[PDB]
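What follows is a single chain, given as structure tokens, in the form solved without its partner chain.
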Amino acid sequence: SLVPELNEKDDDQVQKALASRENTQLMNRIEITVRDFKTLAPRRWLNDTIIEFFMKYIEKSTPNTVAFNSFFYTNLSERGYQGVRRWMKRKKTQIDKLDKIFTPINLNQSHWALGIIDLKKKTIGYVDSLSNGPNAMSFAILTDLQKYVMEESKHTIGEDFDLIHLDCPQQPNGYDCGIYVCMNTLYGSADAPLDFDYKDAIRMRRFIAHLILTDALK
């Protein structure tokens, strides 16, 4: 359900834009080129730009929810809290008012995974559609995200959060990570079980493409 099926007109609009001998803008509300857009074509690794678009979409379509772009985690891990100290303020809310915070993570510029800070359930989750199991990078992500919550909250929350590895549907190929993160973000945003399938994942490409072309961020 959560990932709708496009009608013929809407899908043909995606087709035509993908075949597009291309320009600059498809959107600018985050600047998206047709080149970035083409990353939503089948068999293609999704770039940071597209993931940023989806995170923004989720924010706009989900009350009490912050969904940072992929650069948040880079700055946090490389510069610590001090490197990301204004990011929440730019969201026009305070951490104590939130339900959840989504953090897409691009490990080694190749491997897309997801961090979910659930302030109501008091958990920090690591979600990976290419999971080997708990490893050093996942442990560091969880550590860093807790450190964030501890700092951002002026040391009022986070210290007692459960640091977990969240099972999710696993991908059948080596390039759909970006998409699985989007889906985990959507499903998580709806408090739905992570029980989507690979067929759902294919629809997601067309969905996000549609959202871009319809200027879904108004």
The other form holds:
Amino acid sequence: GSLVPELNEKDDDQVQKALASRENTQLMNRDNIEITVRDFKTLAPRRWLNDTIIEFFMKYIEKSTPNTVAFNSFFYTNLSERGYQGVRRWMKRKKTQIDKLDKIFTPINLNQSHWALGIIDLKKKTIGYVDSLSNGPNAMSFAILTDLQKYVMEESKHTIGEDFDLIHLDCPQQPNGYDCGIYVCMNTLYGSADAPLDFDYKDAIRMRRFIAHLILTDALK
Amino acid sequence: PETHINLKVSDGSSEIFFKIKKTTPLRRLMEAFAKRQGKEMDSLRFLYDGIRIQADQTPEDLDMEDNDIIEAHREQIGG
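Moving from the form solved without its partner chain, what structure would you give for the form deposited with its partner chain bound?
Expanding to the full complex; the earlier chain stays at the top.
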């Protein structure tokens, strides 16, 4: 069917009211992710998501999926610009260790203009790069895959990662220029559930409202 | 090195050293850093070991240790 639900009328109206609030108030503050109205409005129709919404969705997937870490997008920025040393201390702050995980998700911001996703699957021994506006395996995608493979090898103290398969994963492609962050969230949701990537652009429209509902209903308890 | 802590805030080019009480909110520190870059607070994310600091959280709240670093990152957007 679809892993992105449709909101009832009451829940949808709550989202519409919050998108119209007159001033930049705090809408949610839980699990070290604070969301203001300015952040929330990036979920309005046709708008580019910002890092706050991407981080909130990563937290939601961590909250509902076992043995999973989903970093915010600043993890890949640091790893790519400043090597493993730039993210060496981050897993410790997740209160867990790489050898206890099934998956690590790493949302990637590309040049302040596009969002994509890395999926480290420790159980399947694979590192995947999934992009909703891609023509296919290319060289930038390779630097990302080798960076994630490097992370696994260093964080595990060279116990795991050297034999992982690096793959440019296929996924439903966005039909517009603004849904990339929503496709990142759908790819994290479906990848966390180990579900076939068969969502589409109508799911992307519903996804914006679903994520907005999760925020207003304080889904991270 | 009991009640007070030394912290550095860096954006990768500009770094400012601060010494605050462990029970003092980081708000003032964060606003001072932003003002020096002439940048708005809502455009900057202040992270500690990957955790997005909320102004008002203290060093004690985040388990900081002397000479820890706070990274100031630019908001990210994408289509």
